[PDB]
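Here is how the chains run, residue by residue.
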Amino acid sequence: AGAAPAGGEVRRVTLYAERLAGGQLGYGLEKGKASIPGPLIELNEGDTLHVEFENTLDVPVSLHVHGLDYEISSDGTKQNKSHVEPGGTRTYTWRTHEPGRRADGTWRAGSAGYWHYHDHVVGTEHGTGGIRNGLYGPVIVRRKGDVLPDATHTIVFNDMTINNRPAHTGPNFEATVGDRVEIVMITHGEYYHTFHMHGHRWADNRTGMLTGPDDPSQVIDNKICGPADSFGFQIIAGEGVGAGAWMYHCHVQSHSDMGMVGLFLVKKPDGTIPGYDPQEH
Amino acid sequence: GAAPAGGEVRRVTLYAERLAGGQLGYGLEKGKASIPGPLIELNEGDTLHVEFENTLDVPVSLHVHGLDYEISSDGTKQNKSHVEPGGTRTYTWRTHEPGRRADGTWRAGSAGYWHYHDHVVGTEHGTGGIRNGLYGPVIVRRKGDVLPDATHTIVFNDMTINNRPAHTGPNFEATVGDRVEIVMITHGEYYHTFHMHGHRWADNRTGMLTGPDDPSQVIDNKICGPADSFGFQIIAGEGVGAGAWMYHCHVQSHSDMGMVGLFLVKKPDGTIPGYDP
Amino acid sequence: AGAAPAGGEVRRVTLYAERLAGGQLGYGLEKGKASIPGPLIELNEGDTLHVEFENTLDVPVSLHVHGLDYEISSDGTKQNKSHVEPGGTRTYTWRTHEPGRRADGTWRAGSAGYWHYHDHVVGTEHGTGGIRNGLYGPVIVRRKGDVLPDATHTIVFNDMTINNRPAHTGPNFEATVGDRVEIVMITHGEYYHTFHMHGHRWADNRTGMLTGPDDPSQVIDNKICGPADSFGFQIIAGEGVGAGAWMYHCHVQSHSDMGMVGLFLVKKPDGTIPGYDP
Ligand SMILES: [Cu+2]
Ligand SMILES: [Cu+2]
Ligand SMILES: [Cu+2]
Ligand SMILES: [Cu+2]
Ligand SMILES: [Cu+2]
Ligand SMILES: [Cu+2]
Ligand SMILES: [Cu+2]
Ligand SMILES: [Cu+2]
Ligand SMILES: [Cu+2]
Numbered sequence: 040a041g042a043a044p045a046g047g048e049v050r051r052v053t054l055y056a057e058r059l060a061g062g063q064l065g066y067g068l069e070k071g072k073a074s075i076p077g078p079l080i081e082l083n084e085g086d087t088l089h090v091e092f093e094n095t096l097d098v099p100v101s102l103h104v105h106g107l108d109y110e111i112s113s114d115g116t117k118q119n120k121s122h123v124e125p126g127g128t129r130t131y132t133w134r135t136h137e138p139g140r141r142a143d144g145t146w147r148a149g150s151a152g153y154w155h156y157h158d159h160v161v162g163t164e165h166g167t168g169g170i171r172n173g174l175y176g177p178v179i180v181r182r183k184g185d186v187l188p189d190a191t192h193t194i195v196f197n198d199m200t201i202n203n204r205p206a207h208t209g210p211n212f213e214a215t216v217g218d219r220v221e222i223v224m225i226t227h228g229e230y231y232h233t234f235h236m237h238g239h240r241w242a243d244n245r246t247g248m249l250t251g252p253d254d255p256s257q258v259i260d261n262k263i264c265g266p267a268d269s270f271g272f273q274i275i276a277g278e279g280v281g282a283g284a285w286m287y288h289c290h291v292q293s294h295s296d297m298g299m300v301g302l303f304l305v306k307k308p309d310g311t312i313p314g315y316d317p318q319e320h
Numbered sequence: 041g042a043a044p045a046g047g048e049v050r051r052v053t054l055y056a057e058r059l060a061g062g063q064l065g066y067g068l069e070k071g072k073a074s075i076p077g078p079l080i081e082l083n084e085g086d087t088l089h090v091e092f093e094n095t096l097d098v099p100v101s102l103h104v105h106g107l108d109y110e111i112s113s114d115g116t117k118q119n120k121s122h123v124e125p126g127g128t129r130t131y132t133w134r135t136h137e138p139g140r141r142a143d144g145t146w147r148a149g150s151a152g153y154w155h156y157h158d159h160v161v162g163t164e165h166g167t168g169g170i171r172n173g174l175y176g177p178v179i180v181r182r183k184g185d186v187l188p189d190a191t192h193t194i195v196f197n198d199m200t201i202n203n204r205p206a207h208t209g210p211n212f213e214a215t216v217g218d219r220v221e222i223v224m225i226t227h228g229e230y231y232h233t234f235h236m237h238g239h240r241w242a243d244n245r246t247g248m249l250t251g252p253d254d255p256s257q258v259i260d261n262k263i264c265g266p267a268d269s270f271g272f273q274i275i276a277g278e279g280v281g282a283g284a285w286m287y288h289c290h291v292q293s294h295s296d297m298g299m300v301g302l303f304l305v306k307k308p309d310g311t312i313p314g315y316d317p
Numbered sequence: 040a041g042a043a044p045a046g047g048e049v050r051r052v053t054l055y056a057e058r059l060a061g062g063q064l065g066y067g068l069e070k071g072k073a074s075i076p077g078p079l080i081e082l083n084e085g086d087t088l089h090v091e092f093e094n095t096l097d098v099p100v101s102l103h104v105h106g107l108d109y110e111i112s113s114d115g116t117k118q119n120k121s122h123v124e125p126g127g128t129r130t131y132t133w134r135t136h137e138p139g140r141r142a143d144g145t146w147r148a149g150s151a152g153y154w155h156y157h158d159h160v161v162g163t164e165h166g167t168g169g170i171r172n173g174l175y176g177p178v179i180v181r182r183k184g185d186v187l188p189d190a191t192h193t194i195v196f197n198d199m200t201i202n203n204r205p206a207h208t209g210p211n212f213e214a215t216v217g218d219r220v221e222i223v224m225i226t227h228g229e230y231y232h233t234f235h236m237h238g239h240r241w242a243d244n245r246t247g248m249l250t251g252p253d254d255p256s257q258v259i260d261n262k263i264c265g266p267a268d269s270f271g272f273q274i275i276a277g278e279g280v281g282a283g284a285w286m287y288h289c290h291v292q293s294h295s296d297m298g299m300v301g302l303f304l305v306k307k308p309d310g311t312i313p314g315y316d317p
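Protein chains in written order, with the entry's author numbering: chain B, 40 to 320; chain C, 41 to 317; chain A, 40 to 317.
It is possible that part of the hints are untrue.
[Said to hold, decoys possible] Derived pair list, reagent style SDA-like, types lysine to any residue, alpha-carbon separation capped at 25 Å:
(1) A/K117 x B/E278
(2) A/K117 x B/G279
(3) B/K183 x B/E221
(4) B/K117 x C/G281
(5) A/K120 x B/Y315
(6) B/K306 x A/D143
(7) C/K307 x B/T87
(8) C/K120 x C/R134
(9) B/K117 x C/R204
(10) B/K72 x B/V98
(11) B/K117 x C/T208
(12) B/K72 x B/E93
(13) B/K117 x C/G209
[Stated by the list, open to error] Computed Cβ-Cβ distance ranges for the label pairs, DEER-style:
(14) C/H207 x A/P44: 56 to 64 Å
(15) B/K307 x A/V52: 27 to 35 Å
(16) B/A42 x C/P308: 36 to 44 Å
(17) B/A42 x C/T132: 50 to 58 Å
(18) A/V98 x B/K307: 29 to 37 Å
(19) A/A42 x B/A142: 43 to 51 Å
(20) C/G184 x A/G71: 54 to 62 Å
(21) B/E124 x C/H207: 20 to 28 Å
(22) A/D189 x B/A190: 44 to 52 Å
The hints are simulated quantities; they were obtained by calculation from the structure and are not laboratory data.
Each residue gets a CB set at the ideal place from its N, CA and C atoms; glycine is no exception.
Use the sequences and the hints to build the structure in full.
Written out as structure tokens, the structure is:
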């Protein structure tokens, strides 16, 4: 368990929007390495990120982010002329801030949390065609002293798919018992969902962990979520429950029946998962 | 500045009337009904007697979330507190401060972002009333709560915002640095997700973190369903500047079909950069 | 009526899946006595429960629980070979733990909460047919020092029904002004809902009560919920509002109109309910 540092760096990254195989659309850090979800962008509170965005598609595309600070010119919307023409580039600037006491004595909430970025202009002026086809990704903004995980996995319920995968194709993720595993969970599209994990639970607060015995946050294993909700958490793999093929699914019953399921495959230290037979899943 | 302790007995006249295009609304005076209805504001301890007159050709009622009331003011047919056409009735709403009970447990106060609506037009759950515009906000403040420079009410009623036509806002104006309060209420049949560009708030009572030990989540996108009510204050343009900041339901077809408005945050000189209407 | 003690007991119960009238299915503490929702199970953090389960149905059934600790062999899924053949029995073991600091120094959340159990194999391998027909029930896990209620009532929004009852049949629940009344609220199926109570409000946190003036938890009377969500709370009946037939309902408008409504009948001490006639 590492700790996030205080932020304040100016960082740059290149991002591209590209057609994938099978007619999907994705963001990536380098040409031909686009993915759904898009790449995970990580920052510490006070960091600034300059996203040099290139649009390789034949229609306008944009980049809009939740949670973080930006000026209207990096809104990523047609309304504010912040979309990128076919073949074009544009640098979007995202800023983040620490919490702190205002002059009026109130508390400014910081930028930290589990956030996301997505297209705002493909298909419609709300990015509906862009989101449908894969133009979304995760952003984590860490607070000084936050617990850092061994692994981070992103699970996007996009309409009736997980990460735009075909029905009943996961994804699955692997850990060893004792691993500190971070989930980022984002929802998109038209439908509400409930995200559930067998054998694991978390706090419904920013970090998904109680800060201590005086934290009143709720502890849950089932979370309602709708389009553009983003939350996250860290769990200790197999804590109190051990190894196995631990299902996660949307708990709306027809949704689980129609493919919104995957596996958190928690292994013993020797690499084994007793009983696990993929033919039975 | 800050809300005082409450404990005044307040009285107000409210009327239900027909508005243009067959809508129905609450107002403080005859001819002044609005959708949403007028904002009622109280401090915990306060009492409010609402002298309600029904000018419609159908029974109408007044039902309130969150506040204390006796059965004879629940605004239902069940407890005979609906108002016949042409009739009058006084509804009594009370509110209380928090404090410790004798068993050691803490009684929560009335404070919050609440709402009132009809419970008898169309059905005995007010379905047709609510659909037609018979709803409005009620804020109950706790002693010491920060007061805003302005309050705006946003209601997602089925696929409309404030019963308005698709893609007609409302828009709400503020100047950079203003302390702006939003009351956000949901009604009808559908779930929604309320999102604002450029701004975020805490998912707790006041929408602001009480300080560095407040573990309330900070969000920009909030799932809501029928009769949910929440609120928050944000500093307009804080860390982001002036501009036309969209807010919208984030369910995709809803935003596409017109559940979208603008939070127009002005520079001090009153202009809005980049804002081509 | 008291406070929860610290747990750490090994307990056992017997539970049966059986048919009920009309093709409903339920769990029961004894054969013949299945109910929908199933029997309330209550534990104190640290307790272990061995559930000695029998399937009296003609199709496989299972028992799966939210929140509690269980090893993979007690998953209650076909996928991990934890289901029960027709006429079969199996012991499912559920454990619970206290909050405390982990080895890595962070705070481990305890098992306490308002949880639930349900079938995961009837109709589909997510229990869709089981849940639909009534194979679900409440579990409460208490934290040492939690205040205990005078009564506990469970309300489940299962698709468009409450507790799989016919439309417009409540249920109704009775108390006396001043009673400490505990509500367990579970949702299943296909629909989101908003649970609303006239005359009463509760905190959107574990217990439904604020810890004290420093507890930032929201105070609400209207709670969005979806399939497999579970929350609970304790209210003082008629507190600041008095006696009467206090309505509770889903606030999604067509749902209340189509019969997801009941009454919280709060009696005066003489046992009467002002303004209410059957
Ligand atoms: Cu947007
Ligand atoms: Cu789903
Ligand atoms: Cu968005
Ligand atoms: Cu009602
Ligand atoms: Cu919507
Ligand atoms: Cu209501
Ligand atoms: Cu499951
Ligand atoms: Cu409902
Ligand atoms: Cu479940």
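Range agreement (Cβ of C/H207 with Cβ of B/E124, hint 20 to 28 Å): holds, 25 Å
Proposed proximity, C/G281 with B/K117 (alpha carbon, max 25 Å): holds, 18 Å
Hint consistency between B/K117 and C/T208 [alpha-carbon to alpha-carbon, up to 25 Å]: Holds: B/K117 and C/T208 sit about 18 Å apart, inside 25 Å.
Distance restraint between A/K117 and B/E278, which requires alpha-carbon spacing of 25 Å or less: holds, 23 Å
Range hint compliance [Cβ, C/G184 to A/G71, 54 to 62 Å]: Check passed, 59 Å falls within 54 to 62 Å.
25 Å limit on alpha-carbon distance, applied to hinted pair A/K117 and B/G279: Holds, because 22 Å separates the two Cα atoms, which is no more than 25 Å.
Consistency of beta-carbon spacing, C/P308 to B/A42, with hint 36 to 44 Å: Distance hint for B/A42, C/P308 holds at roughly 41 Å.
Range hint 56 to 64 Å (beta carbons of C/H207 and A/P44) holds or violated: holds, 60 Å
Distance restraint hint 43 to 51 Å, applied to the beta-carbon atoms of A/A42 and B/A142: With a Cβ separation near 45 Å, A/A42 and B/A142 satisfy 43 to 51 Å, so the hint holds.
Satisfaction of hint between B/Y315 and A/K120, Cα-Cα up to 25 Å: Roughly 9 Å separates the two Cα atoms, so the pair holds.
Proposed proximity, C/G209 with B/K117 (alpha carbon, max 25 Å): This hinted pair holds, its Cα atoms lying about 17 Å apart.
Pairwise hint evaluation, B/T87 against C/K307, where the allowed Cα distance is 25 Å at most: holds, 24 Å
Consistency with the previously given hints is maintained throughout, with no hint failing.
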